[PDB]
Amino acid sequence: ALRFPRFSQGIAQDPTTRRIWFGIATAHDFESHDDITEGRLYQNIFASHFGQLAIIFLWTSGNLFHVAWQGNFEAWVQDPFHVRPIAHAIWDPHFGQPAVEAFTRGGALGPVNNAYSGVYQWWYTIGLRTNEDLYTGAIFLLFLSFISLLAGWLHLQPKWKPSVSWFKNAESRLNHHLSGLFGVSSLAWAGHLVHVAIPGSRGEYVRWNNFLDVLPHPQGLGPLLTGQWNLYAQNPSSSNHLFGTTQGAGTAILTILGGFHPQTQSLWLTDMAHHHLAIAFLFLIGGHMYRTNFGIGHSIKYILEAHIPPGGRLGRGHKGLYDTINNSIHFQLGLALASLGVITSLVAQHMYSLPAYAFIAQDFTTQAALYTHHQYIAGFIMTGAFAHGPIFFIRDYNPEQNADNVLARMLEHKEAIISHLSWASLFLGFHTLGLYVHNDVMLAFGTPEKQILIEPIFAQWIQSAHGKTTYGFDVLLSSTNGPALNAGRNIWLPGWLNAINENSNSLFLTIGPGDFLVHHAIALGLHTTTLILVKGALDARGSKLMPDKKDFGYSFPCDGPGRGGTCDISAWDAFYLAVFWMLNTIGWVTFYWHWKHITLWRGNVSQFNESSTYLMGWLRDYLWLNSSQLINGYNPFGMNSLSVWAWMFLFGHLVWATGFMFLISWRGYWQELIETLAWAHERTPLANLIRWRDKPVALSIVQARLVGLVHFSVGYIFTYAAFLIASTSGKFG
Amino acid sequence: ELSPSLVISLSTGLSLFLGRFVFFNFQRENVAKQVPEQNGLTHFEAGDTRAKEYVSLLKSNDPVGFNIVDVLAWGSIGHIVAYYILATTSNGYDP
Amino acid sequence: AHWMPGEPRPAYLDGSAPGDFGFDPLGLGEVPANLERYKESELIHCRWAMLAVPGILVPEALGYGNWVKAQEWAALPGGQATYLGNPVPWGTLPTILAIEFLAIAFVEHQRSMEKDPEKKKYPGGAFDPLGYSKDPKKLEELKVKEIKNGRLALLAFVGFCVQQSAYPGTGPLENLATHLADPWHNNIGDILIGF
Amino acid sequence: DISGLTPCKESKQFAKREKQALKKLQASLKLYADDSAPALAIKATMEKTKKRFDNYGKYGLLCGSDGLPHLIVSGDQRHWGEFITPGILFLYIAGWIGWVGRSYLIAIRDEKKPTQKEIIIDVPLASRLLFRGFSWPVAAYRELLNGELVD
Amino acid sequence: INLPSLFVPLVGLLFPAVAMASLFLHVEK
Amino acid sequence: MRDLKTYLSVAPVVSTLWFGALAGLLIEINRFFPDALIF
Amino acid sequence: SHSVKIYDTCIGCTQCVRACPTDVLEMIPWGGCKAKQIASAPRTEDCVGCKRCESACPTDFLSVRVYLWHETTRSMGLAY
Amino acid sequence: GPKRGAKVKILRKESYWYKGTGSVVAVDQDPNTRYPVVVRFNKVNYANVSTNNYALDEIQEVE
Ligand code: CLA
Ligand code: CLA
Ligand code: CLA
Ligand code: CLA
Ligand SMILES: CC1=C(/C=C/C(C)=C/C=C/C(C)=C/C=C/C=C(C)/C=C/C=C(C)/C=C/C2=C(C)CCCC2(C)C)C(C)(C)CCC1
Ligand SMILES: CC1=C(/C=C/C(C)=C/C=C/C(C)=C/C=C/C=C(C)/C=C/C=C(C)/C=C/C2=C(C)CCCC2(C)C)C(C)(C)CCC1
Ligand SMILES: CC1=C(C/C=C(\C)CCC[C@H](C)CCC[C@H](C)CCCC(C)C)C(=O)c2ccccc2C1=O
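Residue numbers (the deposited numbering), protein chains in the order written: chain B, 2 to 734; chain G, 1 to 95; chain 1, 35 to 229; chain F, 77 to 227; chain I, 2 to 30; chain J, 1 to 39; chain C, 2 to 81; chain E, 2 to 64.
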């Protein structure tokens with residue numbers, strides 16, 4: 002290539018504007034660049050990972066730096082209940098005086114924004130107390146950023162370039178990551194909790210300059226090597242302990258108490274320390290499984306190759322999977338993203354119900370922000386997992402080398418899989434929509450008693466088995482004579498059962514028919530999105546309408562108007578369609594979470610319980626109500642600190658609709674229009690003197706789909722974020 | 001109260017004995033059946049220079065070939081069992 | 035002679051095996067290797083059951099004990115066990131657990147090292163001092179007798195466990211006496227179609 | 077009771093809902109001559125309403141704190157009419173429809189122009205295959221065991 | 002408030018101008 | 001006449017009559033057994 | 002330019018050639034089919050990639066295939 | 002090859018009627034014809050075609 006993009010002369014020889022766009026859009030798809038090899042691929046990916054790490058460290062250091070420099074962290078640690086955490090100061094020369102006055106919150110001497118990332122609760126819980134601590138941490142993470150960049154640059158150099166064989170050493174990387182990255186890190190974090198966090202919560206200032214001079218335990222290190230570990234759990238913090246103070250503080254460092262610290266309404270630091278320690282041990286033991294350079298250990302290839310059931314109901318089983326995974330980075334990225342997405346949702350679900358940060362969960366807006374954040378992140382990550390799924394199926398999958406294994410057999414009965422997903426989605430849709438519409442009609446005709454309200458018996462039963470006594474099923478942990486109850490009666494069950502039956506927190510909230518309905522909506526969402534994604538993955542290589550689709554790649558416009566028409570036939574297009582359904586699904590889940598929790602914090606769950614049974618209830622009592630303050634951020638009379646969220650609300654609506662533009666109108670119209678504009682320019686005097694170097698053309702079909710989807714998603718996210726934050730913080734529950 | 005030294009030494013002794021006498025052949029056999037490789041050739045033949053099996057360290061003048069690695073392995077199991085027993089008998093758990 | 039008169043027996047079951055009555059509805063022994071393993075493991079389960087069953091009934095009658103109450107001495111800080119009424123000195127949970135573990139692991143793994151499939155189920159040698167396996171025909175007959183008594187023992191064990199699930203804290207012999215009380219009132223009915 | 081719910085015949089809020097409903101209807105009824113059609117209509121609504129609440133109470137329905145009937149679908153034998161029975165009835169009818177349609181499609185599969193009888197229904201054939209659905213479980217069960225259900 | 006009056010117009014006006022000009026020339030070459 | 005019958009047997013007409021009959025049935029049933037939430 | 006390929010399932014009906022709006026395809030002598038002819042794509046530099054040829058092809062699957070490739074001023078159908 | 006009117010199964014993977022059955026119309030005796038087996042099908046493809054040419058290894062006479 003003689004011009005941008007240098008990695009593709011095909012695009013470089015494009016005389017049009019496309020050349021630029023695609024240049025930007027294919028910059029990270031290394032596999033499709035000119036003169037690339039496996040080596041360059043892995044090496045560039047490695048360096049790119051270092052770059053990403055550097056960006057993360059720099060980002061975190063930025064957060065720490067700004068909280069320390071412009072925030073009220075100290076004022077917050079002195080009074081976490083009645084201080085709004087400052088994210089950063091704001092200097093906008095576009096501001097008028099009312100704007101300056103309105104945005105001066107907290108103890109600030111000027112306009113600021115209130116943090117809803119919850120970094121205050123986190124940092125305070127783990128041991129940070131002063132601005133100086135934050136500054137030192139910022140400097141350290143900046144140092145880590147520089148180090149990571151240096152490492153990328155280094156390993157890019159010919160002396161430090163790793164071979165492809167090294168990248169394909171799976172057993173070693175698994176051993177090291179399980180034992181070191183997972184194990185040693187968790188053990189070391191337990192170390193931080195024991196040495197810094199726990200003493201900090203007990204009112205003991207422990208830093209680098211004295212941590213060697215202070216005992217983490219009255220009789221430290223003895224009981225560990227003695228085997229008298231129980232001594233580390235002797236006297237935990239009292240039930241009247243005040244966080245950050247010596248009052249009510251114990252001396253234990255490792256416990257399994259369960260439940261929440263009553264003041265902070267979060268998990269016990271000793272519980273978390275013991276947790277991280279234990280899992281550190283499971284990781285460390287589990288990290289010595291695979292064979293390396295010492296003559297012992299397992300061979301993953303052999304393990305896979307051995308797991309084939311006699312009788313052949315799974316064909317050749319897992320024979321050959323080792324190579325087809327270890328050779329295909331896309332398969333690896335698919336597995337990675339799938340797992341990561343699952344545990345991201347897990348993070349949301351566990352962090353809302355079992356908060357681990359002191360004086361979070363009292364901060365309602367922060368909780369909502371966090372849940373929505375992680376659920377949308379999880380959604381996108383999932384769609385991506387299912388996107389690198391079929392890229393594997395197209396770019397990497399070798400049919401012959403996978404003969405009759407679980408994967409090839411998977412492609413065999415694809416119609417069965419897809420058709421059954423279709424049935425599930427169809428059923429759930431028909432009946433959930435049907436029941437909702439039924440109930441709405443009943444409410445309309447003034448007869449809500451005729452509503453079909455199905456009780457969530459199964460989930461309620463699970464809650465009862467977990468020790469909740471609201472439904473009175475009296476099972477397992479709810480049954481006084483149950484062996485499961487007697488087993489841990491004197492360990493975690495006191496605190497746990499105390500927490501699960503305290504109906505002011507989010508630990509196993511009480512559920513009714515509304516919960517049933519919306520849960521089935523969620524089921525519909527999951528099943529349908531997976532229908533799109535799975536169907537797109539399995540038909541990525543071909544279908545009866547296009548048997549040679551694999552010869553065209555992951556992304557292409559279409560195959561033409563022939564054979565009936567082939568719009569949106571590529572696997573990429575399947576992804577693109579699936580994104581709408583993910584946004585819809587997560588929309589429903591976040592709507593659910595937020596409404597239920599707002600009604601919880603407001604003190605009237607009956608609102609949700611009665612109104613969520615019909616869609617007019619969601620529209621009127623959730624959407625329409627909670628926008629009152631939001632839309633009044635600015636008006637003909639004046640403005641307040643919510644003007645940002647109103648402006649952002651409208652911003653989101655606008656971007657969303659522009660998305661509609663790119664999604665509804667297609668290329669040819671615009672191409673011809675642009676032709677008339679080109680004529681116009683070449684025939685306009687004075688302007689004639691100026692000419693373009695890249696011929697103006699309409700965006701491509703796929704490009705249009707992408708840009709449209711991007712406007713749509715951005716609008717979606719920004720709109721809901723503005724509503725979430727404004728509605729919640731406008732009243733703070 | 002249980003003597004930590006006696007429990008640990010006896011446990012480690014039992015594990016090392018079990019690995020030296022009763023489970024040695026089986027282990028050596030299963031290891032003989034397995035060895036990590038990518039695309040047919042091993043990791044070192046591929047080849048990653050840092051994936052070569054240590055011949056020197058695995059050498060032993062023991063009658064059966066019981067080397068330092070087996071000592072570390074069965075020893076690890078021994079210490080694990082030992083500290084399990086110690087920590088367990090230390091607590092006041094009652095079901 | 036098959037288990038279901040009038041029902042065709044599987045192609046791989048000709049009846050040349052001791053206890054071969056053509057019973058395999060799920061076709062689990064369709065694979066020859068699997069079938070051999072199943073023969074071995076069936077014999078093992080059989081012998082364990084044949085040792086277990088009288089060991090459940092005898093100490094209940096004589097020792098006036100119970101095969102479920104004999105478990106309860108553990109799981110508590112006391113941890114004292116009794117044999118024939120006499121409190122055993124080494125009878126504590128961790129000790130007997132270690133002894134049992136080592137012994138049973140040694141013998142089981144030692145059984146695992148055998149390669150001959152016929153000796154993996156019928157070892158003989160040191161395990162046959164009376165030389166009752168010296169005669170082939172007598173060996174076959176005694177084999178059939180072994181597999182049958184063993185299977186009946188397994189069925190008895192199932193009986194013990196289910197009867198324990200239905201009437202917790204009560205032994206099998208106690209249930210037999212209870213049945214002998216009112217045979218037409220004290221049955222499985224109270225559990226099945228009750229109450 | 078089940079799920080911490082209270083029986084509708086014993087629920088106070090259920091009764092209060094009936095009260096407020098009837099009182100709304102009467103409050104609307106006050107403006108019309110008693111013999112006129114609007115009056116008879118509103119009164120019909122009142123009678124239908126109280127009959128409805130009474131029937132729900134009689135049926136053994138459980139009410140929430142909202143005062144509305146909630147349904148028990150766990151398989152609980154005191155509430156088989158709340159899902160199990162109408163479910164069985166549904167399955168019977170749906171199976172009927174599907175089986176009849178299947179019969180019709182099979183019947184015309186071997187013909188000169190099959191699509192014709194798909195856009196112009198052979199009503200005699202359809203009427204002949206109509207009642208065969210009554211025994212659809214028996215007919216399908218036998219075809220399942222025979223191997224005439226799938227290919 | 003001192004530094005922001007310096008850094009904000011720096012990052013909001015100067016930086017994107019420099020970057021856009023540079024990228025323009027780079028892409029046009 | 002045969003042609004008219006054939007027309008009456010066409011998909012949309014058949015559907016109008018069938019769903020008309022069904023609508024009538026369900027209406028009358030819901031008039032005689034009203035407010036049914038069970039059975 | 003775009004890429005255009007002909008496969009031996011071609012039956013030489015010539016439908017694709019007379020369907021091309023930019024004169025890219027042509028018919029050449031061949032012995033593999035009864036029509037004694039097969040399609041060919043000697044002028045793909047003038048190919049726009051409209052795929053009228055593919056829509057004209059009777060064979061199952063297609064005997065003419067258009068893989069949209071490197072984009073040029075001719076393939077973009079530009080007149081400016 | 003198979004006779005005229007013979008019911009054959011399609012083995013060409015990229016065919017609309019793949020794994021399905023059609024009827025043989027005529028087989029070209031010219032050994033230069035790469036796909037002699039003329040087949041006609043009960044259902045049309047996405048191109049509204051009901052007939053296609055196949056090779057000897059792309060058909061399987063069944064009944
Ligand atoms: C583990 C993380 C990860 C990694 C390393 C990759 C890596 C890759 N992906 Mg994958 N993917 C992922 C996760 C990941 N993906 C996720 C989470 C999704 C769901 C969105 C996908 C869905 C996906 C699709 C559909 C495709 C890829 C493709 C690729 C490849 C090319 C990427 C490229 O060059 O884009 C270039 C970068 C851009 C075009 C810019 C991206 C910015 C987007 C458009 C949003 C920007 C909007 C902005 C935020 C708005 C500003 C807001 C403000 C105004 C208020 C590369 C191998 C492509 C591929 O090559 O497949 C064969 C491809 O087609 N990915
Ligand atoms: C709110 C708008 C909306 C609705 C209702 C649907 C509904 C559906 N889409 Mg989705 N879709 C949408 C927006 C919507 N979509 C958007 C914006 C996109 C991005 C382009 C997609 C992209 C998309 C993809 C890629 C897929 C779907 C699929 C589906 C079906 C999923 C299965 C199901 O739930 O069956 C339940 C049925 C319904 C919810 C439809 C209602 C049927 C009514 C209630 C019955 C008739 C009522 C009445 C008698 C009609 C009288 C009308 C009169 C004139 C005669 C369902 C029909 C999937 C599919 O087809 O699976 C089989 C699928 O793969 N959609
Ligand atoms: C609500 C979203 C939205 C927006 C903003 C637009 C905007 C436009 N469409 Mg429409 N369109 C939409 C939805 C939308 N459309 C949908 C859903 C469809 C499918 C039916 C279409 C289908 C369609 C057709 C068929 C046509 C249009 C055309 C147009 C253009 C009309 C000319 C004009 O008024 O320019 C003025 C621009 C605006 C009014 C947009 C807002 C301008 C902002 C306020 C300026 C901001 C200042 C500055 C740029 C900010 C930069 C900041 C940055 C540097 C950081 C305009 C760009 C027509 C066209 O192209 O004619 C020339 C045309 O023929 N669109
Ligand atoms: C994000 C960075 C950024 C910053 C720091 C500013 C800052 C400013 N803008 Mg804003 N602007 C921006 C982005 C930004 N803009 C964007 C993205 C848009 C489109 C949405 C706008 C649209 C906009 C409009 C329509 C107007 C402003 C105006 C202003 C000025 C506020 C009014 C005032 O009373 O000042 C006092 C201003 C003066 C006393 C005159 C300023 C004279 C300048 C400082 C001379 C600089 C000369 C030098 C050669 C500049 C070269 C810079 C270049 C090389 C990088 C202030 C300087 C107002 C303005 O410019 O007023 C004149 C105004 O009318 N902006
Ligand atoms: C396309 C593709 C792909 C991808 C795919 C995907 C993306 C998937 C996803 C997937 C997923 C996304 C999955 C998920 C799963 C999940 C699971 C599997 C779970 C489980 C769970 C469990 C098991 C649990 C249990 C429990 C409970 C429940 C309670 C208690 C506790 C316990 C634990 C017991 C790949 C690359 C591969 C290749 C081919 C192509
Ligand atoms: C010489 C000789 C001899 C002797 C020998 C011996 C006696 C040896 C010994 C050896 C040994 C004696 C070894 C040991 C080892 C050990 C080990 C290898 C350990 C490991 C450990 C671990 C792994 C731990 C872990 C942990 C931790 C760290 C924490 C706590 C918990 C736990 C436990 C987990 C004889 C006479 C016989 C003969 C020949 C000669
Ligand atoms: C409006 C529209 C156009 C016209 C849009 C054009 C020609 C894009 C013009 C954008 C101008 C040049 C810049 C717009 C400002 C952007 C914010 C610039 C962003 C650049 C990034 C690198 C940041 C199409 O070409 C098209 C093609 C196919 C399907 C649908 C459509 C379609 O809907």
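By construction, these hints were calculated from the structure, which means they are not laboratory data. From the three backbone atoms N, C-alpha and C, an ideal C-beta is built for every residue, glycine too. Don't take every hint at face value.
[Said to hold, decoys possible] DSS-like mimics (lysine-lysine), calculated; alpha carbons at most 30 Å apart, straight line:
no., chain 1, residue 1, chain 2, residue 2
1, F, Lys-119, F, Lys-99
2, B, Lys-320, E, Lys-20
3, F, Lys-188, F, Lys-124
4, F, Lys-106, E, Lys-20
5, B, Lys-551, G, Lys-52
[Said to hold, decoys possible] Sample of chain B residues lacking proximity to chain 1, with all beta carbon distances greater than 10 Å (derived):
no., residue
6, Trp-70
7, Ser-118
8, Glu-416
9, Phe-581
10, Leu-620
11, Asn-641
12, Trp-667
[What the hints assert, rightly or not] Restraint ranges, calculated between C-beta atoms of paired labels, are given here:
no., chain 1, residue 1, chain 2, residue 2, range
13, B, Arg-174, G, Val-69, 17 to 23 Å
14, E, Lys-8, F, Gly-223, 51 to 57 Å
15, C, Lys-35, 1, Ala-45, 33 to 39 Å
16, B, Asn-210, I, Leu-15, 38 to 44 Å
Right, here's what the structure says about each hint:
1. Restraint check for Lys-119 (chain F) and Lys-99 (chain F): satisfied, since their Cα atoms lie roughly 11 Å apart, inside the 30 Å limit.
2. Between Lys-320 (chain B) and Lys-20 (chain E) the alpha-carbon distance is near 27 Å, which keeps this suggested pair within the 30 Å criterion.
3. With a C-alpha separation of about 56 Å, the suggested pair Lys-188 (chain F) and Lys-124 (chain F) falls outside the 30 Å cut-off, and the hint is violated.
4. Among the hinted pairs, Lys-106 (chain F) with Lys-20 (chain E) is inconsistent with the structure: their alpha-carbon atoms are about 75 Å apart, more than 30 Å.
5. Between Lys-551 (chain B) and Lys-52 (chain G) the alpha-carbon distance is near 39 Å, which puts this suggested pair outside the 30 Å criterion.
6. The Cβ of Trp-70 (chain B) sits about 58 Å from the closest Cβ of chain 1, beyond the 10 Å cut-off, so the non-interface label holds.
7. No beta-carbon of chain 1 comes within 10 Å of the beta-carbon of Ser-118 (chain B); the shortest separation is about 49 Å.
8. Every CB of chain 1 lies more than 10 Å from the CB of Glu-416 (chain B), the least distance being 28 Å, so the non-interface label holds.
9. Residue-level check passed: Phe-581 (chain B) sits 46 Å from the nearest beta carbon of chain 1, beyond 10 Å.
10. Here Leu-620 (chain B) stays apart from chain 1, with its beta-carbon at least about 52 Å from theirs, past the 10 Å limit.
11. Residue-level check passed: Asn-641 (chain B) sits 65 Å from the nearest beta carbon of chain 1, beyond 10 Å.
12. Distance check for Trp-667 (chain B) against chain 1: the nearest CB is about 58 Å away, which clears 10 Å, and the non-interface claim stands.
13. About 20 Å separates the C-beta atoms of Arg-174 (chain B) and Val-69 (chain G), a value consistent with the hinted range of 17 to 23 Å.
14. For the pair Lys-8 (chain E) and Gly-223 (chain F), the beta carbons lie near 21 Å from each other, so the given range of 51 to 57 Å is not met.
15. For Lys-35 (chain C) and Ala-45 (chain 1), the hinted distance range of 33 to 39 Å is not satisfied, since their beta carbons lie about 53 Å from each other.
16. Range check, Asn-210 (chain B) to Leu-15 (chain I): Cβ separation about 42 Å, and the 38 to 44 Å hint holds.
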